[PDB]
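Starting off with a structure, shown below.
Note that one protein chain is taken out, while the other chains of the complex remain in position.
We just call them A, B and C in the order they show up, numbering each chain from 1.
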Amino acid sequence: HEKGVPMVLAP
Amino acid sequence: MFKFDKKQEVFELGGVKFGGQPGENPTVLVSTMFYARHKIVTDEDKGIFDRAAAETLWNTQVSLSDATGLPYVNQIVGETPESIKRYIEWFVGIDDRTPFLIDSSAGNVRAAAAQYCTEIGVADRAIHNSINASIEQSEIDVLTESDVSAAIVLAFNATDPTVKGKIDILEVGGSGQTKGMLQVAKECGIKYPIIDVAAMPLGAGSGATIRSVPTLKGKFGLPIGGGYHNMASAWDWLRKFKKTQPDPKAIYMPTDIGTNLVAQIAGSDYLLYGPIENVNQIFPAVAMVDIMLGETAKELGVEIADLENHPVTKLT
Amino acid sequence: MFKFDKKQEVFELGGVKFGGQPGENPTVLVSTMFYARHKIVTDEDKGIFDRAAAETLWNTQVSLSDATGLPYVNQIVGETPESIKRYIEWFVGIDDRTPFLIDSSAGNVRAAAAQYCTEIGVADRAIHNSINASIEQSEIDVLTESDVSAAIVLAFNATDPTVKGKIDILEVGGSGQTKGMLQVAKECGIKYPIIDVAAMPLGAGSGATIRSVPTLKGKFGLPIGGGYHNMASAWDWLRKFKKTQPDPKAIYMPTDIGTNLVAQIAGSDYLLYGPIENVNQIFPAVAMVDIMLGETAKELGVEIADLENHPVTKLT
Partner (left out) sequence: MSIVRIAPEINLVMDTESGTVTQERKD
């Protein structure tokens, strides 16, 4: 489908 | 200033395109005639007005629409079944393409307005305003029998003045109902639902109105808009400050014409900019924010439907 | 309606806090005075001006800012080294806390003002308004000796009229290779770099101006603003249409004011709204968007710095 940005996390 | 990932639906009602990515189609400026205490309406109950002096108000919006390229849609307000029937009868004889919101605060009139539109054949040009959460069983009956195919759904969640409330009244429904107001429309025969944000007064849920414009477009994709000038009209401080200064309308107009521009840049697709008598002040302000939106769209990769009649080309 | 992930830097300049998340801080309203063909200014070269009505134009903004809650900053505009020194001496002699932008087109005048403010003792207030790619070695060398810790970094790429072009002159550097303007300012003493988006005229770079407000703010974190009113004042179509209407100002002002509200909802932290004579029309309009921005701040999770003095609580 119309996907989106991935979840920007931190280590 | 942004493009939407969720594929935006564009509805072409009577030569006017509702919907699309920001900048793809120009904003649809929806005027309002025969409203409460219009200076041309002499007999409000009987729908008797100055027919010669009203065609001049309409021809002012027609001529300025040809210069800026901004499409125009009427909104025929009425409060009695007889009045709104004569208002609709007049409008279709002076113009034969432009849609018209059959708006009323009383569900009986919208019931009467819907029957009349299909009776005389002008029903594909009629937008029912509005399918709110308080719609009764009788109003559904006349709407589904009628030939009205496009209607405005009011994203009003009474006990939830938040973005999640507006989504829930369209998705799951609120209180007093069992089905979402965006699905009640479908069973009413509305093939073209047009979401209304139901702008709330300033200081009582006005921030959720402007943040629902890019939220109810990136969640549903249907055309999004509403009457944002009600936020500056319900403002008590402005109603007091503007009286001290010598010109009350010199200060209120930039604020009243600022609610639309703020929501327009946030993704709004049509603007119930209020009385028709403000044509010469809303079109320059709205066509400016449409040049800004028509520039990012040309740069963000969005394709514009008719670039030749866009405000980014006619007015630049 | 935004909440940037990048932590926003708040700079306090004489009590006027620049920056923060949209809704955290009330919008700053920079007001140009002593501009070209100002009525008060009689000798544009020796800086004579009325000095009596000049207070009246400055007391009006203080009273309005004490009614709306929006911070006010002055922008002193001069053309000759003697004229600009005359304005700073007056302004510091009437207001002792509010900062000012020593604005001027010529480099030699801005350096003279920045050097003069150091000798007078008010240079923590100066917001000397130019760090542009068209900067000579003469101005940077005097700005380094002067005790001016704030400057308006202008993101103007003549070669690249895109949002990426705005980033590159700030980070990497364009015409005038290397030492981007955000990194020239650090090496000339500027401790509080305030970014200007360099509003391009409508039809050429006016889309990149509004999309740069959430772009450069979410990339650098520094306060973002600019003179968005220049987009409407330099519109060719509006000038022709305005002069035909019975009231030319009432058609132009909603468009001119709307350039600021459109860019304010995008995340702009300060607004160069033009002449100070337009103070009664920009404050109600900007304060209306701060109520809207001051409500999504309390919904998205932003923490308002001082709720008791925000326009969301002072008004409404």
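Criterion: a residue touches a chain if its C-beta (ideal position, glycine included) is under 8 Å from a C-beta of that chain, and two chains touch if they have at least 3 such contacts.
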Chain not shown: contacting residue from C:67, C:234 or C:300: C:300
Option touching the unshown chain, where B:5, B:9, B:147 or B:247 are the choices: B:5
Chain not shown: contacting residue from C:166, C:211 or C:310: C:211
Among B:219, B:229 or B:310, the residue in touch with the chain that has been omitted: B:219
Hidden-chain contact residue, picked from the options B:135, B:167 or B:288: B:167
Hidden partner chain, residues of subunit B it touches: 1-6, 163-164, 167, 211, 214-215, 217-219, 267, 296, 300
Missing-partner contacts on subunit A, residue numbers: 2-8
Missing-chain contacts mapped onto subunit C: 1-6, 211, 214-215, 217-219, 300-301
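The definition used in the following text is that only the chains that are shown with their structure count from here on.
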Contacts with two or more other chains, residues of subunit A listed in rising order: none
Subunit C residues touching subunit B - in the complex, by the definition given at the top: 1, 67, 162-163, 202-211, 213-214, 231-232, 235, 237-238, 241-242, 245, 249-255, 257-259, 261-262, 264-266, 280-282, 284-285, 288-289, 291-299, 312, 315-316
Residue ranges of subunit A touching subunit B (in the complex, touch as defined): 2-4
Complex contacts: residues of subunit B adjacent to subunit A: 5-7
